[PDB]
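Residue strings, one per chain:
There are 2 protein chains.
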Amino acid sequence: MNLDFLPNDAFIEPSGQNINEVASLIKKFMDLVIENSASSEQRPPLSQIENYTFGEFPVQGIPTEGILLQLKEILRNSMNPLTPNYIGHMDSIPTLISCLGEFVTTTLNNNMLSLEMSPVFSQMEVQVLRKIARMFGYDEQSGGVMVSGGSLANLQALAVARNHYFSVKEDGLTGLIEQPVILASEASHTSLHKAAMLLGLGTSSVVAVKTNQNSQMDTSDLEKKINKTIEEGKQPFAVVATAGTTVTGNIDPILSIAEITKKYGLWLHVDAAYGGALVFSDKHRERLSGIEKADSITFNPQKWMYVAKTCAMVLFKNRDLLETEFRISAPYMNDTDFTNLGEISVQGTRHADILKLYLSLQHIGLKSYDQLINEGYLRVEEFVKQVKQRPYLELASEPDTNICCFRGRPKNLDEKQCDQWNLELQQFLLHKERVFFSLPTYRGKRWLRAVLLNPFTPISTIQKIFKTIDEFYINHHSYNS
Amino acid sequence: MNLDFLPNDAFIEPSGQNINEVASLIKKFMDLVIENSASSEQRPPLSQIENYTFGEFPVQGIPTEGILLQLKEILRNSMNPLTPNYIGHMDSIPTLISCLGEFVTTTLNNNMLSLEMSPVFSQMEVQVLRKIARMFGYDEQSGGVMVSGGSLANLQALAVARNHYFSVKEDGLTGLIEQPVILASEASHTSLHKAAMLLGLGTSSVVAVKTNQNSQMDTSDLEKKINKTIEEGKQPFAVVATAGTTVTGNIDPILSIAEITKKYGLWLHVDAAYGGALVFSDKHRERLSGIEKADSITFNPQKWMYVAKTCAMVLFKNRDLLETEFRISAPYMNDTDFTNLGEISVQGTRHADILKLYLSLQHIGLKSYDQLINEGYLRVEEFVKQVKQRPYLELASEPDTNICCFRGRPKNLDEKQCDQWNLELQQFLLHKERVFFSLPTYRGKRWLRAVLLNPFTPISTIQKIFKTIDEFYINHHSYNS
Numbered sequence: 001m002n003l004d005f006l007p008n009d010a011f012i013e014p015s016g017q018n019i020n021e022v023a024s025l026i027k028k029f030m031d032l033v034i035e036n037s038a039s040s041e042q043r044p045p046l047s048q049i050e051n052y053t054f055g056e057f058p059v060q061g062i063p064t065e066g067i068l069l070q071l072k073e074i075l076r077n078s079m080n081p082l083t084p085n086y087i088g089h090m091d092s093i094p095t096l097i098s099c100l101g102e103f104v105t106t107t108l109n110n111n112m113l114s115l116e117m118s119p120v121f122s123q124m125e126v127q128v129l130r131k132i133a134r135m136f137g138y139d140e141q142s143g144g145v146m147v148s149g150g151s152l153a154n155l156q157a158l159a160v161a162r163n164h165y166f167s168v169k170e171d172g173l174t175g176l177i178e179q180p181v182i183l184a185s186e187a188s189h190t191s192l193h194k195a196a197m198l199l200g201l202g203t204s205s206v207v208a209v210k211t212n213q214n215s216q217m218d219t220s221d222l223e224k225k226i227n228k229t230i231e232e233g234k235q236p237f238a239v240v241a242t243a244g245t246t247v248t249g250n251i252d253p254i255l256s257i258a259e260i261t262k263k264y265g266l267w268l269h270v271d272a273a274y275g276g277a278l279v280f281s282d283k284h285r286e287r288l289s290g291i292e293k294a295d296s297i298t299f300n301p302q303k304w305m306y307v308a309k310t311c312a313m314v315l316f317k318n319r320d321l322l323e324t325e326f327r328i329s330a331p332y333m334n335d336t337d338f339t340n341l342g343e344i345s346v347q348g349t350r351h352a353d354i355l356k357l358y359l360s361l362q363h364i365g366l367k368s369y370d371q372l373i374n375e376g377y378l379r380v381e382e383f384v385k386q387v388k389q390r391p392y393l394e395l396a397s398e399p400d401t402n403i404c405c406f407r408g409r410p411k412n413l414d415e416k417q418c419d420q421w422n423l424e425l426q427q428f429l430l431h432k433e434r435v436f437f438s439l440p441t442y443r444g445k446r447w448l449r450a451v452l453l454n455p456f457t458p459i460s461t462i463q464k465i466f467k468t469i470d471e472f473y474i475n476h477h478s479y480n481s
Numbered sequence: 001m002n003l004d005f006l007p008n009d010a011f012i013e014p015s016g017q018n019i020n021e022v023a024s025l026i027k028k029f030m031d032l033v034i035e036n037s038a039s040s041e042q043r044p045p046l047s048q049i050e051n052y053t054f055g056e057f058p059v060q061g062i063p064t065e066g067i068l069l070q071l072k073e074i075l076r077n078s079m080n081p082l083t084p085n086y087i088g089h090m091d092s093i094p095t096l097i098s099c100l101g102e103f104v105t106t107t108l109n110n111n112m113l114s115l116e117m118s119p120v121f122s123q124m125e126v127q128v129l130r131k132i133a134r135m136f137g138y139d140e141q142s143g144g145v146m147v148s149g150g151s152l153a154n155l156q157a158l159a160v161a162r163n164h165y166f167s168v169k170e171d172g173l174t175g176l177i178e179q180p181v182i183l184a185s186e187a188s189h190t191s192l193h194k195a196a197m198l199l200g201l202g203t204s205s206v207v208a209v210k211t212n213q214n215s216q217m218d219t220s221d222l223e224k225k226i227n228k229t230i231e232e233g234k235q236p237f238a239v240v241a242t243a244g245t246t247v248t249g250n251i252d253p254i255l256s257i258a259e260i261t262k263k264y265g266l267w268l269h270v271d272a273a274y275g276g277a278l279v280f281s282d283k284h285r286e287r288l289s290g291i292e293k294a295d296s297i298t299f300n301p302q303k304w305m306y307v308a309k310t311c312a313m314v315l316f317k318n319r320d321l322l323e324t325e326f327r328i329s330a331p332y333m334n335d336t337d338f339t340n341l342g343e344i345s346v347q348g349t350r351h352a353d354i355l356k357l358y359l360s361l362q363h364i365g366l367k368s369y370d371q372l373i374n375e376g377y378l379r380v381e382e383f384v385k386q387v388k389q390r391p392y393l394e395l396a397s398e399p400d401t402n403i404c405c406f407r408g409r410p411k412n413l414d415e416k417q418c419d420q421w422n423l424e425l426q427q428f429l430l431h432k433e434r435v436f437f438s439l440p441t442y443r444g445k446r447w448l449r450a451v452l453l454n455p456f457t458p459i460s461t462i463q464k465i466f467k468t469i470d471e472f473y474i475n476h477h478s479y480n481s
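Protein chains in written order, with PDB author numbering: chain A, 1 to 481; chain B, 1 to 481.
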């Protein structure tokens, strides 16, 4: 009786008889997490060792002790992006309030499928997304939806555009004569190809446009590509403008692209998954000029807003387009004026991600977020200043965000020797000061990429890193030759 | 200096200077959550009041106090599925260890985009999904991937099938002559239509097949539909078998469907989002006989396994099909033997959901899950027994899972009067004993639907609701007439 087979703390009994055991277990977990996270800076950003002993469920439930030991062992070997010496990827330190809100949401166990399941979260999400859309420059007719990652947002926007221009919602793409074409920058994200493939358009449907030296779209090249594809059998219907590309973090000229698309009557989609956070900065918001011309926007607050994963949204200039092109009246649930979020979304059941974003915005505030963005820009400006004044160092392009991609180009060394030199420098930096630099391959060459997101990285760290770089250059065998 | 603009507990400093403030805030949040969840049974399962004052971000960060007040006021008005008197929907009480694991994963802030970002979680997920696939009856060639909800799993399976049969991965669906057809049961989930629409096949591509009295697919009707669609221009390519339908929770005859699909060479896809948990029950696993014949399976551990949302996976009989049909070699990240989970998935960045499932399996064990499933079946059997022996009560169909849909059919009342009687009975039951019954519309009539997932619901409760039903029937004005 009273569930004697289950462990005394398997569930939180609604009556509340086992409150003491639940409290003790929660306290143990909280203490372990606090101890692990407090000493993040001491541990190296990356660990080479990995664990591979899983996939054997026990017949008898293991006690809380032992489980805690295994959890601690797993945690020690996990990736460590919380240390200040991790400036290689877009992952950064998340706000504490967001993590606590995520825990609260998991404990509540509500659902975003319908309003009945989320009486308050649905309205909160609607209002918060409306405020964000207003901040991007849209009117009251604009409307958005939250998804799990920017890939789903891109897929939803492309599907809506395809349905609106071709009206294949109920028939399909088999009867169409000319293949639709989507034009994208040659430095665009890899999710565009997957989205095009999943919609039946074809992986080869995406047509790449040339970019200038700063990894920005070339408007004349875009016009030439549009004309060349029109003369052929295919017909263009969408143009994708990327703000904050993946590698160099550059921003396309959205204003000219929007003008061209309006001239040719194409659907303009803006992918500001990283650059969107600029709308929270008074000084640097103008870098996104013309974003109000796009027919849809993809935004990821989890990147530059320090919100625990995952938080991502897609915004549309017109709500009726989402209500008609995407929505299907097949479901016959209870009639309610409020539109269920599962009908106009790619996925039906979704975890309530609005709470963490709302809590983060309330706790930090607008001014603090503006200050954080300004500090990141200051760090990137100092990094760029240090990169110059060194003949052997060259920049891929002038930065537009807190991302800087640079490389070493010894005069005597050739391309392969330069790549080996860059890889050796990355390894040396990682092993000496525990500073992590990503090593992407752009334009056929390896570049050391640094994303400056950690608020605790000081200028002295950058100066010490560059001093170590100079020491490595002087001590390397190439200089002797 | 030292981030004087931010609140003292906005982030967990890697150095560890503000450990005391972080600990105090975490303790406050834990105490609030424990207090709220302990008294879940006292609060009614549903609350009519909703909050609508959001969407105004503060210029200055509010202190932790006040934020806690607003958080608790929000919590009090949230839906309450943790009470034993909530048997209306598939939502239930989640395991505590899963919630704690979710909190730990959020604190770690790793990523499933690539192995480097999740050195251990990737391997853990691969091994756990392999074990689950082996438990469904697949061989070593089988392979799975976790997504966010069953809708994404259905979309991925349908996309893989379409690419495999038609080879439109690089060209598109415009050149095809005959429209592809997918045959589904008339009681199938609404996500099939959305998946068909998103893939360019067409919302009308899905062809509905008749069902017997028990809401199960009719094999002869399936064969007739296949022949009739073949004679026409269209050509079938996939057949969808649903285990544990949404309304009545019935299971289709997967063995005969698989035999027919093999005879006609179609892709069989099994959607066991709810029924899949039966593979953890020794006594009732045989209800899923023939599931090993399917070319893909969609499973949702979050429903019948009491895992905090969201946890869902899709399994494939062949890994090479996923490696070829779905994977695109466009990304040029670091070369590694281990395949990145973002290339073979609909979404790139995903929160680590494997940890909560692994922790739940370790803490509870296999025997405890078997016992929980058996107890649910016992409750449903008692519910069915009580439903009979009452002339005015009729069952939609004989249950196959812990879901029972029944209704009241007074002899004198007509259809509209019967529907009004059912709605009034639902309201009366909700208002007297705080017992929540869902009110779906099936076959043109409203049915009181009860999903028995709460482990703390005893038989005496069922007897009490049935006595209340008898009292309502006797006291209703229809009986006097």
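Rather than coming from a laboratory, the hints here were simulated on the basis of the structure.
Check before you lean on any hint, since a few could be wrong.
Note that identical chains are pooled: a pair holds if it fits in a single copy or bridges any two copies.
[As the list claims (entries may be wrong)] Taking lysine to any residue pairs in the SDA-like style, the calculated list, with each CA pair at most 20 Å apart, reads:
{"#": "1", "residue 1": "234", "residue 2": "204"}
{"#": "2", "residue 1": "388", "residue 2": "130"}
{"#": "3", "residue 1": "283", "residue 2": "60"}
{"#": "4", "residue 1": "169", "residue 2": "293"}
{"#": "5", "residue 1": "131", "residue 2": "332"}
Structure-based check of each hint:
no., hint, result
1, 234 with 204, "within (12 Å within a copy, 26 Å between copies)"
2, 388 with 130, "neither (43 Å within a copy, 51 Å between copies)"
3, 283 with 60, "between (59 Å within a copy, 18 Å between copies)"
4, 169 with 293, "neither (25 Å within a copy, 32 Å between copies)"
5, 131 with 332, "neither (31 Å within a copy, 37 Å between copies)"
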